[PDB]
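A single chain comes next, written as structure tokens; it is the form deposited in one PDB entry.
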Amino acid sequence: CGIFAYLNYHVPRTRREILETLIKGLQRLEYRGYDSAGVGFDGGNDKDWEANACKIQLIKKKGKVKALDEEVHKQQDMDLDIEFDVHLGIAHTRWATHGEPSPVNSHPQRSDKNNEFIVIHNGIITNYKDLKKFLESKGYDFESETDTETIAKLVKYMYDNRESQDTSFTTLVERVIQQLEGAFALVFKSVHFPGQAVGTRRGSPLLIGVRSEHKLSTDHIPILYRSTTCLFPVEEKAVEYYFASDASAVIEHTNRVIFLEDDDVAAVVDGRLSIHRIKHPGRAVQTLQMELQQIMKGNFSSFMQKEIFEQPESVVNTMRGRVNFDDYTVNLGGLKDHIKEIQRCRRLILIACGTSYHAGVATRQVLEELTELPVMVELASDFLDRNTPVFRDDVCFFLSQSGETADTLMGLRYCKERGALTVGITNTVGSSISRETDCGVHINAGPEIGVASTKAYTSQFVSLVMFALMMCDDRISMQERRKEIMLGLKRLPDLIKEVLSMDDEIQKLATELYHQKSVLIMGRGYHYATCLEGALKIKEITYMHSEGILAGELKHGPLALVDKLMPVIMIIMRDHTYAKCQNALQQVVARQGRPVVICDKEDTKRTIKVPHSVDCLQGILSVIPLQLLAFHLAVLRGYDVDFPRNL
């Protein structure tokens, strides 16, 4: 789950400082549920650090990182005051899967009883059964039940069979990954290559942060196959490197990062960073706009609560630099090039999973309205199962907060093979979907740390609307509609705040459903997505059977569930479907239903009155009371909203 390594090269740090840095990185990567963490570093208490680089020491522990930190400072014969001019430390937090949680099964995994090679690993090796046999036949005995130990044992096998006494650490890892199958991100450390690090990935994210008070030789590292050919400080040697599986563990130290790509072998040798391959392409040193405050709870007791209540801000962040209300223009920079190509295409296909799919349903109508193109919205897993027909004049959008969901990513590659124009709507710089799409939009909602999608849904929503507004900016007959929608976006942050000020009314509703085992959420049109997304939130966070029902489908069967006992929530807004929803309401009440109504500004039982906005934006306001409802219900029932129950 979480990888972190800290390499100080001619930046003196005490053993304490190094360990504090490693512990701190794991906390950035530590999400609720992890149950195994460890650190690897140079042992020995020789005042001169150059003699302690032949004893790798491991401290691994089951439980939360807090427990690891206590074990660190709780070491008998370990002096934390030794200063290292050069040192590499690696760290890992995990959610034990393959084996049972235990100190042995925690990372790093070692190559022998003297820790000649150690590795931290994110992912799974498919052929790990076969590899363990090949090494055992060569005498290597295993101590863990994890697939990671095979990696540590295999790199020593390559070392034990090297042709020359100076075969590079890179060459060894190159030979290792060539024998691995599956997905992995790896960081290696060895006594035979003191101060050096090797990081490589295949289908699992791995990035490198860099920091130095000196000028760096380049901002675009060229690839070396098997002058400024590598990255290094120019004035002096001092530099710091940060390997990590997520930017959250690097951003507090530096915002200059390199995102590795599949089969890259990045190595730090003599403090200089190079990137090797076997196959002028290069890897860019880029600046992240992320900042530490964005991954902290602040004054909120949970990340779910923070991300719900900060949606006024995240919606604004989504629009910053992209909307101009002075002259009613929208400019998504990532699409200003392909914008005219897109309009020459004949169909829009939105492909996503879960809540990201709900964002497509939530904006499908306005996309049809403003683009006038057919809009198909697909669940990624079903899209793949059916081998859906795709053509060269299709424009395919891929909605993904993480930018890594397997089905959404495989759908992307499916559509690229067939020649379709691909567009990524993501919330994670460097992610796979953001790279492999022809173009894309970063929704810029800030990191989503909570288990459930809250601000990501609303920012995706706003992003797709902004795209719809770009697609009709040349239509005279639509100028008024664009103006109306855009003045809605202008007012939206304050309308969200207005909804959040009704939190007390949502708590009251939560206590009325406290003991209920089901609830039906009914909507149609613009609020079909709203009732589907609310039902998912209440399933995922509250663990009760909430179900979204298309209002127009009631009389076709589902209405049989309505009686005096079945809780019902109906979304009834003042748009063109208003009279129809009034009909559905009369149908529910006719069958002894006592429903709660989320209705528009100044429209049977309790009513949650949200403010009135443009019809194609109401979904953003109407889903928030459902977000809060799931939150408050879970809190009432003693659940930790930040502790996932999916796994």
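Superpose the two forms; the largest set of C-alphas matching within 1.5 Å is the rigid core. Positions refer to the first chain, counted from 1. First, how it differs from the form deposited in another entry.
- When the chain is split into two rigid parts between these two forms, residue 222 and residue 312 fall in separate parts, each C-alpha being assigned to the part whose superposition fits it better.
- Of the two rigid parts of this chain, the smaller turns against the larger by 18 degrees between these two forms, per C-alpha superposition.
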Second form
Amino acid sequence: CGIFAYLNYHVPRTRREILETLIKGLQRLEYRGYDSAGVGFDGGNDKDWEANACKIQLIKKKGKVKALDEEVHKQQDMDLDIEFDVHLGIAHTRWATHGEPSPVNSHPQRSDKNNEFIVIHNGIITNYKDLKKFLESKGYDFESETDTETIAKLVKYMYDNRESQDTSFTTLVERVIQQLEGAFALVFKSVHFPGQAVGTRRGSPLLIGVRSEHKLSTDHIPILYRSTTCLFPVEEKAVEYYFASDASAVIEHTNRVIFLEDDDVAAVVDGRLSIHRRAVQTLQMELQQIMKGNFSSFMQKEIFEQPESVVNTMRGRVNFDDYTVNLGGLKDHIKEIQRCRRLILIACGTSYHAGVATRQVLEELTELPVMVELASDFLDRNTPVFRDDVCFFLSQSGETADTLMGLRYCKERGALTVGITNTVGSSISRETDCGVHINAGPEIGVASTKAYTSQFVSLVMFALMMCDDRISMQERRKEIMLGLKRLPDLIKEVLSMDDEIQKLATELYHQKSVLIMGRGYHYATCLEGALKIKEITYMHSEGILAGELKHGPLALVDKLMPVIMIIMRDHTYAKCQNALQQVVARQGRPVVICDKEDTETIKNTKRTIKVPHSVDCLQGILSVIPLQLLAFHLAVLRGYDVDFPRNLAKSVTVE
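Output the structure of the form deposited in another entry; the preceding block shows the form deposited in one PDB entry.
Shown next is a single chain and nothing more.
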């Protein structure tokens, strides 16, 4: 779910310029939740914008943001020509994990049939049931089934029982959050406080952007406790704020945000931002990083840009002249990491596959036990963790709920915690003792592509550090590093087969299932490949450990069942050939992903995807890219959108 609001203080904007800014802001956040959307602005059609702040209008509709963008326009009541010198508008896109994605369950929620208080919420209230019964007894009627409505009906209860006639909007919100349990990122708007916005958070992101041609009064807003305190233009009033749950919706307008913190109750009053209970900083992000460029989809871009993101992951960290690896984020801890006795990799989904993909080389080069855990199961079992465990947390977004709770679980037990993240300032990167930012750039597509290969590369670089003092492993280190030097170009070679992959997708788009088989370094490849095909093509694809065929799953193979096998020139080659012979003996007709030089396999197999050879512990990067491409093409053939798969969105930050 995404949050976005636009507050133009003494910056005249027509009602069309404001609505096109709220929609354009949700488009930047649509990848976090596209089951429904809504906006909240001021109604009425009075030339004097002052006589319109008392009327709130809510336009909410089911579907992606494009369904709402059309619902806003072509209306017979809203005149899109009114000039507003001061106006506040809030928007929201929702990931409806429960119930129906109806307009009533979408945000903003309202407190009454006259819209005196409207709020947009990201997160969950763990006690909204108790709050709902208390509010129903005092005379408040509920309409929606969401936990967000208990926040709108409650901020009005704190307003109907205030002590003074002019209690600040902050005091009302402060009394609400004290009754709310769980996490939340709220943005309020009320007719009683025209133009005044309030943004409080607790375990959920929420920043405030600012733009103004004038000089700002400070760059370090001092947090307060219940002229030289608020952020505002000095001489004039022309200022534009941008509340948002992510920086992508604000970079297009400005690169000056104020990241809030837990329980920081920000408030814009008279166009002055003040925090209650900061640092006005610049964003290290360019707009081109969140643009599709000349690609028809973000996922396609992010796949074909893996030659570059692999390079950025190694930038300033790998020196091929002298074969040295330095991860700055682990300089002050690499010594203590080496005195520990076990590695534990904890993550969900594709990030968990990255740990599977690198488990073997980590075991080889560190010689420590390595355990790879799915976060949700790690928590269910109350896995034993000890003071001399080193726990890695792989999370592209750095906000995954299960991975984050696993982190706090391990910290409570004294383990050294290491983060492998792609989002600076995220919960997981902050709360870990150390870590590495994989520096892959923003990932917009729901299905992770470059985050997997960048996590892969990052864990390999770590392994290379852990053994840089072993004489016996010096050559092995050079071998791997020479592989990394050649990886970007070998990735380009794999991408050049895009057309050949597309041809093969036309021979499979109609099937209902596909088994992907591999072992060793390519177990993770067949798990991740199966996950991608599931996620965006909706075919029933399943990864099967090749060595496990003889123990049951081989019974499913016949001349009709599609099969993809991965056979690379590493130490499991012969065992992979036996698995291939078993599939053939069952009349299977598999597609084999093999090395170009593997002439024996290429002759005896009709359909082969010939990838270039690399180091065994890097080949997994080259063998998974074809399956990223296959899933992409299969989705296009089946008429699906690769960037917006059904039933979910990107980053699981709630239950």
